[PDB]
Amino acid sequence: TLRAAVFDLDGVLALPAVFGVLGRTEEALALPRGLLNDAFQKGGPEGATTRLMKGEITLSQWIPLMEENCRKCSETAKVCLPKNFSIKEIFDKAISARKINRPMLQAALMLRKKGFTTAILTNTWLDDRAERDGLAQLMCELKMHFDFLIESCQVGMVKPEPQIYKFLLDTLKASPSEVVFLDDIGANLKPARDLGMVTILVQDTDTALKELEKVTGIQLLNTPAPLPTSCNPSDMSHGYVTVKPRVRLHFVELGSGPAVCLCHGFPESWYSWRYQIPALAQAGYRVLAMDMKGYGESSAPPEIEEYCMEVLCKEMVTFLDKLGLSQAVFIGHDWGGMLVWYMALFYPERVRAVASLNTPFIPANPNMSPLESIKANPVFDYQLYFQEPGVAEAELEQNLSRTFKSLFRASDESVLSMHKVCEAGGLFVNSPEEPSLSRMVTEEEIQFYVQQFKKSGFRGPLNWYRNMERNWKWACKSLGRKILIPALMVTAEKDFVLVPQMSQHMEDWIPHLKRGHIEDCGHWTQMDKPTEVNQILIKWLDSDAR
């Protein structure tokens, strides 16, 4: 009965195998078959390659030792190497060409999700090349998905030596019979087999996965498209910035590169961006996912005036000042989308680029009171119910689990009406006391929002809706301006409050506006269609932000 899956890196989790390159170089350079291959394995266990794999020497120290072996292999071969020969250049591009074998990674991910203990067992080196970051990035990406990474150069043991297998079994705390081991090199499979471990010779991925699926009884081949990597809150870097004596802002941070500031809506969390954070960090960005003022670990003062847009924007500017950031890309959703257009309008120097999900940019009407403007739309009637302090708080704070389960639902799952909510006397009047769990969220994810909202409740979050008149007056100062920095508007087909049609006149204010559109997507864009959101944002960031 299996409970652990072990994978090799070269030829299994990463393709093409760096090993394959030596045979490819020989035939491309019309050299005798296996010559470069011989130089690589010369001296066997006391040879330069074994010393490299054991961590006795670095890759840079090894390069001249392999080069010498190439000369010695030619003396015996009675053939000559051509002029511009560089072992460094061959390995540099071999390593650079090697990419993650995505279907093998997905299978490993699927096995772990079903309760397996996963590990990478690899014969590798200490890379001190000027170009080492490429592989550091690859190892960094792959390792986060496994319980253990066992590298020969760190443990001082190599495959096929039997001690590394006993080391692996001890690390796994599993009997050989409980372990499936996958490798592309027959010689390295043999010692695992002798212990009674299930082994898979990996030639082509599909056959290897077919063998893996047969032997584990779990579906890995032809499975539905997986969700992007999500965030485990306790594994994140948590940051805290005091923006003013009584206001502290909390954020989660991941990656290196240009600063990307994520701004959630109502009633959300930094966690609402869980599917974007790893994807954007992997795409070459430094993600700062905020807990907006009034939410989670951020300060939640009681006063309504603490939540007017001008104050919220000034605080986000102070946040950049204190982190030493001259700019950041601002990406918002719902209330965050509103703040984000206003950041672009009042602080264009601090905004590298601006993107919004669902929230359009609609310029304030100088001739219509914000309350009259709410009158113009039946969808925005819930905003009038939010005006009276205490009313909405009482209903939303009464049962937290019910609140989030009722709100966080895909377009076709809605148990709630946004109409005559004031007439009905609440947004949970027509709703069950025990809502069913939406296909968008696990029970664990709902419970995270519940624990977050237990600290400050809905007062601070509801206060964002309580400054309509102040926001309107402030916005009227920008009526002569245009947004001329890079901008993206992402519309969601099934958002029945923030409808795509509301964005139609945006090009009059943002002439160079870029667009994105998501079909079959409700209000909760980030969790509804994460794969699509990531694809649109990454593509726009690489073209307009970078």
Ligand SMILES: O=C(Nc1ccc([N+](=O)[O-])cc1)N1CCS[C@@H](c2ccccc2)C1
Given for the second form:
There are 2 protein chains.
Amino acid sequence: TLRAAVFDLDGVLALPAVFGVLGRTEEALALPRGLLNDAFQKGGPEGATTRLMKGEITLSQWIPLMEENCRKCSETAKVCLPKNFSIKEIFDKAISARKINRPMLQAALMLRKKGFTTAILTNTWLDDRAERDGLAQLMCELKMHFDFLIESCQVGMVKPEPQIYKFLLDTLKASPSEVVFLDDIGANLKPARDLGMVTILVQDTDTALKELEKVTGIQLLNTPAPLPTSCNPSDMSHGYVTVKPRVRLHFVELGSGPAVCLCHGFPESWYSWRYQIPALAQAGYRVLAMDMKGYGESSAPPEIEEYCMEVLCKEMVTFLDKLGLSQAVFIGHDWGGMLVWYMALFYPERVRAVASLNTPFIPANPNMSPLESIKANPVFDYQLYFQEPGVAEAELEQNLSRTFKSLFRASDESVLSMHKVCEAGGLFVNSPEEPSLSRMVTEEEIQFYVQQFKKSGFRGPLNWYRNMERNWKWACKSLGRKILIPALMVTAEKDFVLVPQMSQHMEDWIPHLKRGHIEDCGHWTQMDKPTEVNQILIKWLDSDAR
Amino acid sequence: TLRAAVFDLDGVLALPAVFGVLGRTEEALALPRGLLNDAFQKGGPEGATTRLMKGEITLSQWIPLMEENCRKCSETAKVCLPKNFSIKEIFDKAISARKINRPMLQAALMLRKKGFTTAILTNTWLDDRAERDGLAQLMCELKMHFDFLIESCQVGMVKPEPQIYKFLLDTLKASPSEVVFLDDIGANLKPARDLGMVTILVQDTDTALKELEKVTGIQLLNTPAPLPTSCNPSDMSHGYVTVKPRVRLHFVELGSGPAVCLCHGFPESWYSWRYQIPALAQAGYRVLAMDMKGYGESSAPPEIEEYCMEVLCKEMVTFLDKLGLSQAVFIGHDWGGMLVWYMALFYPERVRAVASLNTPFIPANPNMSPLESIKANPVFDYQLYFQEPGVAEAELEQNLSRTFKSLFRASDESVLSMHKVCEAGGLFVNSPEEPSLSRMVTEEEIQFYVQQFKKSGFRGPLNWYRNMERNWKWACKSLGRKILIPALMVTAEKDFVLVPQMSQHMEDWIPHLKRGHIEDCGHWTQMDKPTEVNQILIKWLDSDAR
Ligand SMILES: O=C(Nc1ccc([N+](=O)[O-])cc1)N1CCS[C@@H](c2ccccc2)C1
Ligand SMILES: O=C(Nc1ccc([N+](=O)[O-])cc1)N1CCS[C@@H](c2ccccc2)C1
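With the form solved without this ligand done, generate the form deposited with this ligand bound in the same format.
Then the entire complex follows, led off by the chain already shown.
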């Protein structure tokens, strides 16, 4: 019974095969057929290429040796190489053109999801070229999805030598009959077959995957669109900044490029951005996913006033100061969306661009108390329930698993009524003791929220709702301003608390506002429709946020 | 008696004054004298500029109002404004030209060092221009050196209104007679003087500083070159990455731009880079200053083999993987310098560029055991003392303060002999019990090292020396390679362990190697000559590392 799948890199996990460029070059330059591929393999086990693949020499030292072999071959073939012939240019272009074979990666991802151990086994080189970063980025993107990456230049062994296959089996801790090995080189497949491994010669991806699903008994072809890559909390870089004596802010950090600060809502976590963090970093951004004040590993002081928008925003500015960031693009959802509009209004010099999921920008009404404004909307009744210190804390803290399972539900999963919460006497009074698991979350993801909230509970989080008057007075100071930095408003069709129509007048205060809209999407935007959130954010980031 | 110094921004801490550009523009465009400065102040307390400075409107909303005022003024003066007249262009250029007044900043730094509370009090605006980052960067660089930054647009008050001065005194927690207030605007100085503050009208910096030193009794002019900005450990962003089940790596992170990974030596800390971290971040880099494996907040497993170069390097690659960095420039000192050359040799695709302080690159001799090679050099005797587990640990751990005070000494401060350490029976056998404090360190800096080493002691650190044979065998695999990525070798004249002459053959293996050399500099390069280390590293980074 199979339990391990091994993939080659060139011609299997990445296409077009860097190998196939020698053939393409011969054709484009009208050189004798196989001349370049012959110079490439010259000397066989004792030649320059084997030394390169074993890690004896680097790619830059190999380049002149390949050029000498090309000349020796051309002399024998009684031909002339072009005037401007460059092995470096040929390989720079070939490596740059080589991209991940997405259906092959999806298959390896599915096999690993079904309990297989997966590995990449590759004949590769030590790349010291000026443009080596492109390949580094490729290898980084691919390697994260596999249990092991075995590189010939690192192990000092090369396919087809039998030792590399015994090394593979030893790292896999598996007998050969338990292993599928996929390669585009028939000669490199032979030693695996000779040991009794199931082997697949890869020409076109589709046939290789039909052979692979026939042999594993797992559907890999024509399968539904998979979810974006999520985060394993223990595999992340965890950052901590003290913003004032009793307050520290925690964040998860991934990637390089312009800083993108992700601000979650109520009652959430940095982990609410789990499907966005890997995608935004892959898109060329440095992601800083916060635990907002009152949450997870960030400090949660008890005082109500520690949670007014003026102080929360001041602390986020201090957070940038301490990290040495002059700006960040700010992306918020829910209460984090409210903070992000206030960051744009009060600190435009620190905000590269601003985006909000669900939360619209609505200016303070100076002729009405915020209580009156909240009371006018029947959907906002739950906010009055949140006012009295200790009441919502007791109910939300009574059974953590029940709390998250009841809150975190898709629009079709009997959401939770938000009207007559005060009349009813609580949020979960008409809710089951043991709610069913929403399709948006796994049991393990729920238990991450339970564990996070065990530290500080709901006092700090509920305090974000307890500064209505304080926030209203501060917001009134900004009534003559306009938001003129790049801005994105993303609406969610089925969010019945933060309804798309509530955002209809935003243009009056943000004239150049850009929009996104997600249909069949409830309040929990990020986990409800992760693929579409990612597409809308990356498109806006690359156009408007550098 | 004075105890607080307050500085204006424009014309005082930053020059040329953005104000003075209206005059310059009038002259360059042959417009009536004061026409632009008159349109700028139009309406006085009720005009567009006051609304801007109070934060009622942003800089982008103000721009058309200033243009209307310019036209109204020109109509009255019976003149025409040019065809291509643009307030935006004028202000973009003026703000971009405005730089920190370094001697004024040095004076504020000296006053704060002598116990003064310092503040910036400024009439400024909410900057939402596309080029707002330049000013954001300026404000960031300046604000870090002060106790308070009071901005008119944030407090909704403006100089010369008396309320802003009462607000200043309340934030300073000081009576007016205790405050020096420096401003380039005579009208903005009057309310401070009226309250009884010592005031200084700033025209030329030199006269202002003579007035300032006369009044405080502190030398601020013609003073020696100050040290670069250091780090306060509690003010930094602290990062943590798990690289494998029992191993986590700690780092301090500051700035934005290409990732620069700082690797300390023995027996050191991330804090050994304290004078480099702020300077490199200011220079446009993202600094990651490590606690190397075995040190500070990083894990310190007991096994010798956990500290061989192959594993240390593999873990540093995993560290980049987990942070989502395809590359970093690697800068090492001492044992960190050795690791960084090995990162370049084994993982060139992950190393943007490589620099070493003191540690040369010397290839492994395959015809001699590493023990023999170490025994050949009399200065390397202390390494034989470090071999036997527990022996050097007991001596180095006996009195932590004595350990660091004995080790950390400048070339002229009776360093410590490194020959006949085994014969002598220890490192400190001819050393005093209570060593004097080196001029390189303060008592507080010593106590930071003491506190860090209290966690794991010297077992993990000494284990870096205990893998001679293991490192020699691994290094021999790289004997046919050359280092062809950008490389910097920095030599220290008076390092008598890592002598400059030991680096003389490096070109044979690193043909394009660049060099730096520091005269009158001992082993502790970073703290011995911080200004020169900073100059050499920033120059090489901007030329060779993007
Ligand atoms: O209550 C909110 N969202 C929310 C989040 C979670 C739940 N929940 O039930 O889990 C309910 C509501 N909001 C956060 C974004 S704006 C905020 C708001 C503040 C002032 C006025 C109107 C609306 C309301
Ligand atoms: O011992 C070293 N430095 C050092 C650091 C601190 C002290 N000290 O006394 O504090 C003494 C020596 N070295 C680290 C850089 S290369 C290393 C080395 C390894 C192998 C062969 C020769 C030299 C020696």
